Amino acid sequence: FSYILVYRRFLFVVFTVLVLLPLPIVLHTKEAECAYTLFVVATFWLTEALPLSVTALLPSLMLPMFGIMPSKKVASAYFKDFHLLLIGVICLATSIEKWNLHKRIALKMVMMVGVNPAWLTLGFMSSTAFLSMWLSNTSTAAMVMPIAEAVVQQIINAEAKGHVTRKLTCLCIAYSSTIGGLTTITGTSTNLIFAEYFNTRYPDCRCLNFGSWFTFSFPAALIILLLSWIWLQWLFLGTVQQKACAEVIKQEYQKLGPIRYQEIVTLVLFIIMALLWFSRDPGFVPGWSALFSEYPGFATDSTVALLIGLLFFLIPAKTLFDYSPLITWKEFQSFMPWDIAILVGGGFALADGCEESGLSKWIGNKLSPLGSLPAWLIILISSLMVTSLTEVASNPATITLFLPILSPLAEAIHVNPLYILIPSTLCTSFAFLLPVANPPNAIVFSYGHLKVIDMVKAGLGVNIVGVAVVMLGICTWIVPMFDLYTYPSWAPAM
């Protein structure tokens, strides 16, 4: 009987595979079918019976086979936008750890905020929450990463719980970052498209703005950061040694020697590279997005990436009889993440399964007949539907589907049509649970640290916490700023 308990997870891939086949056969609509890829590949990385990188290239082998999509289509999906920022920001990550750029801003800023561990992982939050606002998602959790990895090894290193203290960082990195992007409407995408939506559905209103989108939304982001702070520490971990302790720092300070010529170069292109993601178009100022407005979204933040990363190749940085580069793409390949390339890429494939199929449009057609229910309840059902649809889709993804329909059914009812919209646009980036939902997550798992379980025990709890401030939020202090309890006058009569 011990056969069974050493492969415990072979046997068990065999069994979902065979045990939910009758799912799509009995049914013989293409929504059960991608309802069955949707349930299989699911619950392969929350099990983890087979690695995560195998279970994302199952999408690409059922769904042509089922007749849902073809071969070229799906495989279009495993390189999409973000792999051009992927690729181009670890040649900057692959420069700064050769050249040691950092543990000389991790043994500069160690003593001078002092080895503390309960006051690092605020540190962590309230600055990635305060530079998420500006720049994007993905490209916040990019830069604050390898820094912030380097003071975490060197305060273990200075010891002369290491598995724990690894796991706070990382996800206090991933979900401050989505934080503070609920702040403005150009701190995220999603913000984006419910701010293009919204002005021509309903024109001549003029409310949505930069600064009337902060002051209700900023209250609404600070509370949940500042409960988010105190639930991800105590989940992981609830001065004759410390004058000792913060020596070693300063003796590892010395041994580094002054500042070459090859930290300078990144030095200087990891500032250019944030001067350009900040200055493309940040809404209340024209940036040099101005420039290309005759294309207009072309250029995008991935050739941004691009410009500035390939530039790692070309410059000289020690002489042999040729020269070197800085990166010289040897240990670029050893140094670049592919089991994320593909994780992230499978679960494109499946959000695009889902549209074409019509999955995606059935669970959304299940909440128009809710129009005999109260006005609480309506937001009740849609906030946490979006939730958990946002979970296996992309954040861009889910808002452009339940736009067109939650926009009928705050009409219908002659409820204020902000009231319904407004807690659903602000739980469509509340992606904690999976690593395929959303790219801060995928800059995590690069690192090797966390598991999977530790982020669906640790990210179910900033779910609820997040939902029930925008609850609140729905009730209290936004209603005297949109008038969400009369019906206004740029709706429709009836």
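Positions refer to the first chain, counted from 1. Compared with the form deposited in another entry:
The rigid parts of the chain swing between the two forms, and the hinge residue from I381, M471, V113, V415 is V113.
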Given for the second form:
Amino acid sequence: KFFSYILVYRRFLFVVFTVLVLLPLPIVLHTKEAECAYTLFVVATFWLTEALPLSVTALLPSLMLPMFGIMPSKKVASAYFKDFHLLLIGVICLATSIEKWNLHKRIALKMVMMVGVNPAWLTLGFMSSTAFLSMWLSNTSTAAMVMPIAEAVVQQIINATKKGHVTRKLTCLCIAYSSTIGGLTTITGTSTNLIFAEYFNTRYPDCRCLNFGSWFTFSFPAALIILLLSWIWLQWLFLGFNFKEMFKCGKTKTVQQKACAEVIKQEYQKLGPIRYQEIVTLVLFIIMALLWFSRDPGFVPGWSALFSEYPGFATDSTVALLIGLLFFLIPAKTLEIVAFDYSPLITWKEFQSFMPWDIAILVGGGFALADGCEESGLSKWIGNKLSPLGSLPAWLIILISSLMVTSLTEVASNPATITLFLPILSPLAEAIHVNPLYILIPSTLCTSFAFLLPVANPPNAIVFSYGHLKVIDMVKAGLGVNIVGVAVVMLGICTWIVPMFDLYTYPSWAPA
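Beyond the form deposited in one PDB entry, can we have the form deposited in another entry?
Single chain only below; no partners, no other molecules.
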């Protein structure tokens, strides 16, 4: 009669309880650190439990910080839009054109035709293609783009069910994990790397280490090993290894194999000859990638030397916008008889869909919360309280931080997790007198390792929404993939990250 109503209004009562129980913290401490800690705790509680929508919670700092007097609303509003958002707009413009003109379908079908219908090699081909695509596009868009095609290919291979369901589960999980793994290789690949680069360059403006080439040259060896080991782990866990049928060349002819291959060939033929919209989209994709790579990598100043009087004004977001806004200008189809006009090959109505406005607001809210934590002085207090932790061995601190971030990223979004630890792990670095990158790189790499739960990151939810995967089947694979990723990151940090970044000494661009 009374307890029944409590379990129905769980979210409302939990939000009210969270707001009221943490109230004694700023009510009687009369410090800005306490008020910002109250705001941080409320935002973290609502992001972890998802009592409110993530983007609604991200708007709380713009409501609490101005009222607590920590920083004016004009200053909070200026932190909701950064170069991350411009890059996201420019890349969503490209992704909308790829999705609209079925270029991804052509690439996926050609990859399936070239690799074959062997379930051991088909999964590797899908993972490689999805990881390469996620190297440039966002993980969420890559997962939402490849998966509808992977399922379509798999269900037509099965038709041409003790083995079908496990095959579709394996295909779901391989795409979900490969999007994330491929997003690690580049700064622009995922939102976590973009947020980390923005925070690192704002907090340490005297460091010129993080560019495209330097990030790639250490994130590719780790990501390739992680991808190969995850493919092996998934193949063993779901289907198992049959080496004789796998390593054999095209010599044993089976009727049901060409029966499956003919369906894929007929689908690719029904796709039709390549249209010029697909060619233009592919050319613009290649140009965007080449301009991202051509901005100074370290050995040759590609086109940053062209603007070598305003350093740092034109960035990768400028390249993304320049390429993406061309998708609003290049004509695609006509309609003269009626309207005497053309179509711009991407309409703004089509761009407004598929554009992650919620992710933009979430990242802006995280950046505003970090700015409030820096302005109020909470970051300095946290760094001072973690000063005695500097007597421990260095590697243990990085291991513990990476494990904590990895554990907390399985239930909270990657952009939220990375924004709640950079203002904590960054001040902690100089409280030990150790290179901040030596802690930040493993932490930002382990923030992306979100494979256990569907709520961990949008790539997991997109794949889980198809209903093929159970929670336990996903957790079993995510545990192994996450262990592989953490082991590879820690091996790289101890082996090949320290020569190029010189992590064993204290840098000259860090505060003393």
